[PDB]
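2 protein chains.
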Amino acid sequence: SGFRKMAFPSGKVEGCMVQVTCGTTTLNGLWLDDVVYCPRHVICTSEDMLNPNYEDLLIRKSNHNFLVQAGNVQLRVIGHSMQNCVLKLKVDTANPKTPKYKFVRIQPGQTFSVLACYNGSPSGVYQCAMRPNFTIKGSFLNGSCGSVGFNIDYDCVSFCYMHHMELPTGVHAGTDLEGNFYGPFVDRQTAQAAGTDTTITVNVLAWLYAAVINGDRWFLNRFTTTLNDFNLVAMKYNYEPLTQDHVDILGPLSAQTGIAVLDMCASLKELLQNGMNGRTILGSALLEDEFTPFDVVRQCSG
Amino acid sequence: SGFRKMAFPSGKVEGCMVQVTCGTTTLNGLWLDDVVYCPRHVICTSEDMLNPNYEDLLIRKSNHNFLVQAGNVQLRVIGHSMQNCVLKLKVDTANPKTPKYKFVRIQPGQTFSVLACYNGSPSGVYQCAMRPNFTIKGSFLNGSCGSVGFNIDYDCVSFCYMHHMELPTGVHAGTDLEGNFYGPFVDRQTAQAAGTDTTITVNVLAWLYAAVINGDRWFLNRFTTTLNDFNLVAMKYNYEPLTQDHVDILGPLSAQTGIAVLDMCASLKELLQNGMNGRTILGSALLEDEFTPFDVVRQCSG
Ligand SMILES: COCCCCNC(=O)C[C@H](Cc1ccc(F)cc1)NC(=O)[C@@H](Cc1ccc(Cl)cc1Cl)NC(=O)[C@H](N)Cc1ccccc1C#N
Ligand SMILES: COCCCCNC(=O)C[C@H](Cc1ccc(F)cc1)NC(=O)[C@@H](Cc1ccc(Cl)cc1Cl)NC(=O)[C@H](N)Cc1ccccc1C#N
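Chains as they are written, first to last, in PDB author numbering: chain A, 1 to 302; chain A', 1 to 302. A prime marks a further copy of an entry chain.
Same shape as in the complex, but just chain A:
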């Protein structure tokens, strides 16, 4: 029993982290087979960052302008290219620790593990969700750029996030591993604003099912509601509308606990209307929304 913010074991990703240096700029790269992936703003000076023309800046670079370091061993760059906002550096050595992997672009509300790195070296691992406004609430300092987010499925690592920048609000923005930003952001040093965020409704509901599975039941009630009446309450408290696809995704949890989805929605409505009144759920005093239905099934007993 018990319920924790749980990350995937990070070893398979740790074996891929390298350091990329261009000039006086240093950040992290991802070394898979004979290619290193990193944020393209590694080629920018502090002055270039305010309004870069990346095609211009890259054409002025050659292979020997890039220093890749795997541990203390330097990797020789033999080619370089640009794909959206990621730089690809071909090296002369295939990574012998390359896991089985895929690149995936996730939807808002999905979670992933982040291996935070500095100067190519892993420092810590934590769980994140992609917020509905396409930021993540990460923990990142200067030099963390190029750290990746991932999920693992049967020894296959699915990379879904590469870290690029921190916004003025302190939240974080980045790309998929093909270099496409999540959200409307661009890789230049200007003050950029994310849209207003919302709460991930299907995840809150998943986490209420985790609580029931773990013996927290004080919030349940006998009532039920309709999808339409629930969604009126969701709008009022800045929750995402509940879709029929999300009801179906919650099927397995609903069946394991005997609590129909719309039954659990009535409990959530009461929690939104009355608060918790000093009580906690799974050790939390607010409604948690960064556990997907899959996260709950993975962590909880059957």
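Take these hints with a grain of salt, some might be off.
Claimed, not checked - Each computed BS3-like pair below joins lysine-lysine, with the alpha-carbon atoms no more than 30 Å apart:
#1 A':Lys97 / A:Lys90
#2 A':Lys97 / A':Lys61
#3 A':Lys137 / A:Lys269
#4 A:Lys137 / A':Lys97
#5 A':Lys137 / A:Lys137
#6 A:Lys137 / A:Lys102
No wet-lab data here; the hints were simulated from the structure.
Model the placement of chain A' with the ligands on the given structure of chain A, informed by the hints.
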């Protein structure tokens, strides 16, 4: 910026996890050099578990009664011994992925990362504190026994916890890697009760300093207090007494933020007396006590 429950990268420990089978009992083991460490109750049947005589049960075992599996490759057991509540199995192969490591016995209030495993295979990683009552609030299912907790310091893995059992309250009990239980517990299947728990005061204070470092300042006040007057309030709300050693440990955070420790204590007193009144700190609606002063310095900017 940002603040997350952050675990250590788990790869170095992942390379040490094996599966140990004795009869119909299977659990996890830790393979370091040519020795496998696991909970000694692997030698117990379901009937033996109610009141075992372990010396009796072990003398009735031979090396070929133990099946160690590292991946699909079986390791041959060449010796076996008992050290307190851990079983040691000498195998004929030294683990080539053995990290630099140490065994350490931690104090209550210290944190560590847990690599939760099943059938020798790592499933997830999370952060725990050793509670003042010597339990941990883990996330563990059947088959997780033998999972270890650890910290990492400059590529040296310090193992501090091996998982043995879940108590009736759903919390978790285990040993150091020399097999000595944390707390008064014993490895038999009886209903055992932990003492009443308390809140880790020095950690709450550390986390308030993390919040200031991350720009949450709404809870600060101009007041200060004495160690003696604070400790009266600590008693009232079931917080551990604040010691002078703990004040000194908070020195670096105090200096980085300009807020003297006893100044921060006055803020905590007001938070205990008045609650948060609908506001959050570092995204939490309660006072978090599983971040040590070291955890905060490690994760936060200088
Ligand atoms: C309200 O309380 C919260 C307080 C929040 C305070 N937060 C900040 O002051 C961070 C600022 C906010 C900001 C300010 C003016 C702007 F005009 C744009 C953004 N952000 C960066 O300075 C950006 C600037 C930048 C670089 C390169 C690119 Cl492509 C894009 C940008 Cl925006 N630096 C990077 O992201 C680095 N790479 C990594 C880094 C460096 C330093 C600290 C964290 C990180 C991280 N992670
Ligand atoms: C209030 O809401 C919370 C609900 C809590 C409900 N929780 C439980 O029912 C778990 C029970 C509680 C209990 C009941 C009667 C007793 F008499 C003693 C303890 N605990 C175990 O059944 C013990 C029994 C046991 C075995 C071996 C030894 Cl040496 C010692 C013990 Cl105590 N099984 C193990 O720990 C396994 N190894 C691993 C395991 C197996 C299953 C589920 C988790 C785990 C884990 N992790």
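Cross-check of the supplied hints:
Note on A':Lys97 and A:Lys90: the hinted pairing holds, with a Cα-Cα distance of about 29 Å set against a maximum of 30 Å. Under the criterion of a C-alpha separation no larger than 30 Å, the hint pairing A':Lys97 with A':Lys61 is consistent with the structure, at around 29 Å. Between A':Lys137 and A:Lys269 the alpha-carbon distance is near 29 Å, which keeps this suggested pair within the 30 Å criterion. For the suggested pair A:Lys137 and A':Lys97, the alpha carbons sit about 34 Å apart, so the restraint of at most 30 Å is broken.
Between A':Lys137 and A:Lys137 the alpha-carbon distance is near 24 Å, which keeps this suggested pair within the 30 Å criterion. With a C-alpha separation of about 24 Å, the suggested pairing of A:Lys137 with A:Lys102 holds against the 30 Å cut-off.
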